[PDB]
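Quick setup: one chain, the form deposited without the partner chain, written in structure tokens, and binding and motion questions come after.
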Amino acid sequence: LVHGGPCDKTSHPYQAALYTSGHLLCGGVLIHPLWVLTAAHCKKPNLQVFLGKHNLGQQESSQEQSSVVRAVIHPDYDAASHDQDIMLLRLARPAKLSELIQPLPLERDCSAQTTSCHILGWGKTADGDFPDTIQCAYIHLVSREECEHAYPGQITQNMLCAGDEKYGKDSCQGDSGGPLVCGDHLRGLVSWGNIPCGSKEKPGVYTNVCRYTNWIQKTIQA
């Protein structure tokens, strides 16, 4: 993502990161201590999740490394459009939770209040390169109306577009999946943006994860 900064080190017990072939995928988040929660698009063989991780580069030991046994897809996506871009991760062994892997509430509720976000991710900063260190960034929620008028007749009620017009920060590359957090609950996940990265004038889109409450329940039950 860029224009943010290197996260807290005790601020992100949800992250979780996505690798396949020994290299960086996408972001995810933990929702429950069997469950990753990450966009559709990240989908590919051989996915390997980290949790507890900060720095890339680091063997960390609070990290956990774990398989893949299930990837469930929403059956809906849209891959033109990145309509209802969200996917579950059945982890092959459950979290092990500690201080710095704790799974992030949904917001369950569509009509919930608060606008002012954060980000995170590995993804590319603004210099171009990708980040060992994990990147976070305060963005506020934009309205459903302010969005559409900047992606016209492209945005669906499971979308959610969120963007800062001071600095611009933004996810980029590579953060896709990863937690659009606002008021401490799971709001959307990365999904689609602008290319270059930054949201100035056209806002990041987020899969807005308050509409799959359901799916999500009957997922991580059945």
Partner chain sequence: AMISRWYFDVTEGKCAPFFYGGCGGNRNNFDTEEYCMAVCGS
Given for the second form:
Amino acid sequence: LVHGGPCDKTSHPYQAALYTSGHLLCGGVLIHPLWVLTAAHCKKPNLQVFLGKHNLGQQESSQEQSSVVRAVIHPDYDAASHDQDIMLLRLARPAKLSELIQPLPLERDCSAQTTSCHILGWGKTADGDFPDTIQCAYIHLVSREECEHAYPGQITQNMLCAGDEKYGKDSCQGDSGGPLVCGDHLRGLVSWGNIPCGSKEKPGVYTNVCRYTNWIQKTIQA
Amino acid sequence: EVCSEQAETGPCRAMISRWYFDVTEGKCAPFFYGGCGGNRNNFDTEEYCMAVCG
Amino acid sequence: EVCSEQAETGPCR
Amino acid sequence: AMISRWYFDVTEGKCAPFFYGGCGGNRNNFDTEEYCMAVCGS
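Could you present the same protein in the form deposited with the partner chain bound, rather than the form deposited without the partner chain shown above?
Let's see the whole complex now, leading with the same chain.
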């Protein structure tokens, strides 16, 4: 995340970290005691999920780790176009909820009018560093028309744009699959955006979570 | 030539360990790929990168 | 009716 | 605080999760989906 700052320790109980071979790969979102949402392009064999973490560089008493036992990538995910960039991960046992581990409610209404949101993650910062402490930034949803003008021919109904014209606050590499949070609901997942990261000119593009209500619940119910 | 291209993360926001041939170094080196797009100077392993660009 | 009341996160949120 | 609770959403006809701060609010506030639907479900 670029042009943000450290989050408060208790403000992100739904944030997951996805690890592969001992290093951060992606973010993710606890949406149910058994299930983490992330971006489909984060798919890899034998991922580990960390919940309840704040600082990646130390062992934390609140943290909980689990192997992914089942990965369910959206069947219509199209990597060439970034369309339908969403994946469900089943944990090995239900997360034990606490002050620092809580599932985030999904946005069920694609017409929800809250446009004031925030993003968070352990991804690259403005000077190229990868932070140990999770970062946070407030940003706003961008209209679909402005979104499509930024990326002509690329924005589908399954994508949502958000950014910050004043400072360029934006997600960046390492943030994929983390949450776009609006009104205490999951509105999007970090997916793709401008190179270099920064939203002053072109906003970040997020998987439009409200479109996946029924796929998510169907997958969770076996 | 593919082996002279700059290492490109691409526009997706993952942190995937990959390898690219570095021309001045004369060998392959790690970089973090974003998960989509980029270019062909991007290999799963150091050996396969060196097998193609070495 | 309790069930028609808005969800209220309350002042400790 | 941020605590996941449940309330009956009249636009959906069923209970839904929301983040509760831990104090105050009103009585449309249940600790499980089952309890919510037992009180407010049709």
